[PDB]
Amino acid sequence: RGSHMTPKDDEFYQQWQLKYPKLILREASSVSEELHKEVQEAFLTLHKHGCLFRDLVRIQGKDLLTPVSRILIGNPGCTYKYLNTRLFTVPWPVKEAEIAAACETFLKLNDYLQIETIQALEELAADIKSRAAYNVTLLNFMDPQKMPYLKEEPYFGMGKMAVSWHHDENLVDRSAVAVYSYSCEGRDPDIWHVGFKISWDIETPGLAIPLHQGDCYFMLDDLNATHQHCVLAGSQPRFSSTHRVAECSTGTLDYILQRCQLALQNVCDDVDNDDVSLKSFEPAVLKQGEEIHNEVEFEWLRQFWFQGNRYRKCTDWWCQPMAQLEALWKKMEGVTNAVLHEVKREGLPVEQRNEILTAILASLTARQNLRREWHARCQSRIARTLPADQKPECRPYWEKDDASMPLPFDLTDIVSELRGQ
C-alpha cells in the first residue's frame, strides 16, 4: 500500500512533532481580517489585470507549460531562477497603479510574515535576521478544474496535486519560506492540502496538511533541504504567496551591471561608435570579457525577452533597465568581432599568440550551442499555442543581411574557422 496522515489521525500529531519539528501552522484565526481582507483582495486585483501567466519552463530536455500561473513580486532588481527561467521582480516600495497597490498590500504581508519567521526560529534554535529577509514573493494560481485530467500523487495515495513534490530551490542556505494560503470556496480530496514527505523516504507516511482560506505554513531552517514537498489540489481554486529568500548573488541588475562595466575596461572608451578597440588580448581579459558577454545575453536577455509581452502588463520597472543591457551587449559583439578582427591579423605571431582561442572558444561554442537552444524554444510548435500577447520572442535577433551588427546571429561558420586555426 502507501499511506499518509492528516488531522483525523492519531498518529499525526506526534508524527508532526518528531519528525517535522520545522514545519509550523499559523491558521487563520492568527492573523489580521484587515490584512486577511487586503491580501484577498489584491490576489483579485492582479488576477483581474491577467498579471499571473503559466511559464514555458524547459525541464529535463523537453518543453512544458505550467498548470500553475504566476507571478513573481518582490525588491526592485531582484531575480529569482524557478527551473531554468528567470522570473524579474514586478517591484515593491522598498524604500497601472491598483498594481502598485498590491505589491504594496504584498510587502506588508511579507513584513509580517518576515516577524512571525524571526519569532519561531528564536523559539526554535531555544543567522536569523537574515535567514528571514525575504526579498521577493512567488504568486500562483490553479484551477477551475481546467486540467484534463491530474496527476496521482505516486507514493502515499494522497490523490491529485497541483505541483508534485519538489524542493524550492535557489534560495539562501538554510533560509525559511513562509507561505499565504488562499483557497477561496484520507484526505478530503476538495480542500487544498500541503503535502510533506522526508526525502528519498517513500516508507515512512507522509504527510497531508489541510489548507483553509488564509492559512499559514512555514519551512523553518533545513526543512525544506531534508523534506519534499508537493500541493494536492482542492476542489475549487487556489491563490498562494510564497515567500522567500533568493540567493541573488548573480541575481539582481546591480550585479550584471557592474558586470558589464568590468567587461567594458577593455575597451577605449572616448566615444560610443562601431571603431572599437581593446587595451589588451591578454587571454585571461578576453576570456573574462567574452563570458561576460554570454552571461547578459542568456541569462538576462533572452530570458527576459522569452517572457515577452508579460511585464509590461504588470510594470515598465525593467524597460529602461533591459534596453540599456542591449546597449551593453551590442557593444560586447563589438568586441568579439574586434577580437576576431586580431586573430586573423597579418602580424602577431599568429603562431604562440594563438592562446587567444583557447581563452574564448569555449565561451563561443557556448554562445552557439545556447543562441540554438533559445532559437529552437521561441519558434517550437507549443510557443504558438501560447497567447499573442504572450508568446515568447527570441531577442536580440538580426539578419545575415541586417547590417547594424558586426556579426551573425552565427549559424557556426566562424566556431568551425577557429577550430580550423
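Numbering follows the first chain given and starts at 1. Definition used throughout: the rigid core is the maximal C-alpha set that superposes within 1.5 Å between two forms. What changes on going to the form deposited in another entry:
Annotation: the position in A133, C268, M147, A284 displaced by at least 2 Å at CA between these two forms, with the core superposed, corresponds to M147. After superposition on the rigid core, the Cα of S29 moves by less than 2 Å between these two forms. The Cα shift for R353 between these two forms, taken after rigid core superposition, is 2 angstroms or larger.
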Contents of the next structure:
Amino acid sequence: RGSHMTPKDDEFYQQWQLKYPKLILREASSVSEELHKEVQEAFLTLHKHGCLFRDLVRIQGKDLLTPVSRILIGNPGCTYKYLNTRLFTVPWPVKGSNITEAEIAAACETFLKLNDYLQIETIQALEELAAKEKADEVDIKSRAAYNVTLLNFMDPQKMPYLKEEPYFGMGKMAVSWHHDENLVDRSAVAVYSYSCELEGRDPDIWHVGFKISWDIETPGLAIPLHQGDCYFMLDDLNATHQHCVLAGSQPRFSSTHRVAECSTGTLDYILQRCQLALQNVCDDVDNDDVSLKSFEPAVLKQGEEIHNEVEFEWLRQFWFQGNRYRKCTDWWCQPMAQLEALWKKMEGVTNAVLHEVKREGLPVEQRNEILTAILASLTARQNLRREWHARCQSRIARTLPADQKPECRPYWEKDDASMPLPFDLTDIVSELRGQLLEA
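Would you mind generating the form deposited in another entry now that we have the form deposited in one PDB entry?
For this one, just the chain is written down, with no partner chains and no other molecules.
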C-alpha cells in the first residue's frame, strides 16, 4: 500500500531533505505577534462581511461548487485564472491608487503588508536555495514578485462533504491533489495558514500534503499546520510535485501569495487589445453607422479574435460571478461598463463585415477570403455562447444565493432592436460555410 509521513516518523526529516527540498516551512514563531494579530483579524473581518465565495468552477466538463470559499486580493486590474474561472482582484493599495469599503479596505492593506513580508522571506529562502546548489538576482526577485493572494476559508462542520485521500491514506481532503495553474514559470508560492485553534496524520489538525508527480510509491508528506505557520513552494516544486490540503476539524483560513502570469490577464492589457481592434473603425463619432477602414483578411480576423477575447474571458467571466465583487469593492464597475461598450461597438464591426460579404460588386475571390479569415472566430463565438448560457442556467447555478446567481451577460432577445446582431449566430455561421463551398 501507498503510505505517508509526518514529523512523528523517523524517516520524515530526511525524506523531506531528499525528495521535497524545495519545500520550505516557517513556523508561526518566525512571524511577529503584531503581524499575526493584524492578519488574523483581517481574515475574520473579510469573513464577517461575507466576502468569501464558493466558485462555480469547471472540471472534466462538470460544473462543480468548490467546497472551499475564496477571494482574490492584489494589484489593481489584475486577474488570476484557475479551473476556467477568472478571478478578478479586489484591489490592495499598491503605489498609484486611491479609493473599497472601510473595514474591507483595511483588510486589503493588511494582506498587502503580509505580501511584502512573505516576499522578503521568499527571496531570502531562494538565495539560500542557490547557495545550497552552489556546492540571476532578477530571476529571484521576479519569482517572488507576488502580485496576488488567493484567500481560502473552510469550516468543516458546515462543509462536511469531503473526499478521502486515495493514495497514502491521509484521510479527509479539503482540496484534492493538484498543480497550481497560471503562475509565472518557476515562481514561488507563499502560504500563510491559520487554523482557528496513533497511526498517521492527526485528523483533527490541518495539513498540506505533497506527493511527487506520477508517483504514489514514494511516500507522500503530510505537514501539520497550526495557527500562523507558513510554507513556501520554491522554484519548480509546483511543477514537479502535487499538493493537497488535508482537513482538520476546526475552520481554517489561508493566504496563498502567487506570481500570477498575467500577460493576457489585466485590465490594461485587454483595453490595449480592444483599442487595437477599434483601430479598424472610423471613429469620428460614436453611433451605429459602423464603417471600417479595411477588409484585409488579417485585420478582420484579428478584430473578431479580440471581440471573442473581451466577450468570453472578461465580460462573461465577470458576470458569471453575478456581481459578487460589488460586495467588496466597485473597482471593476466602471472598467466593465467600458469593456461592455467596447464590445457593443465590436458587435457593430462584425455586422459591418457581414454587410461587406453580402455586397454586390465584390469579387468572389475576395469575399471568400473574408469568410475564410473570420469563420473560425464566429463558430467559436457560437460554441462559447452555448457553453456560457448553459453554464449560467445549470441546476447547480440556480441554487446559489441571489447576490451570487450567475448572470448570462450581455444577453438580448432576437426581438431586441438595440443590438445589431442576434445572440444566436447559428444561422449566420451556417450561411457563411455554405457560401464557402459554392462551385
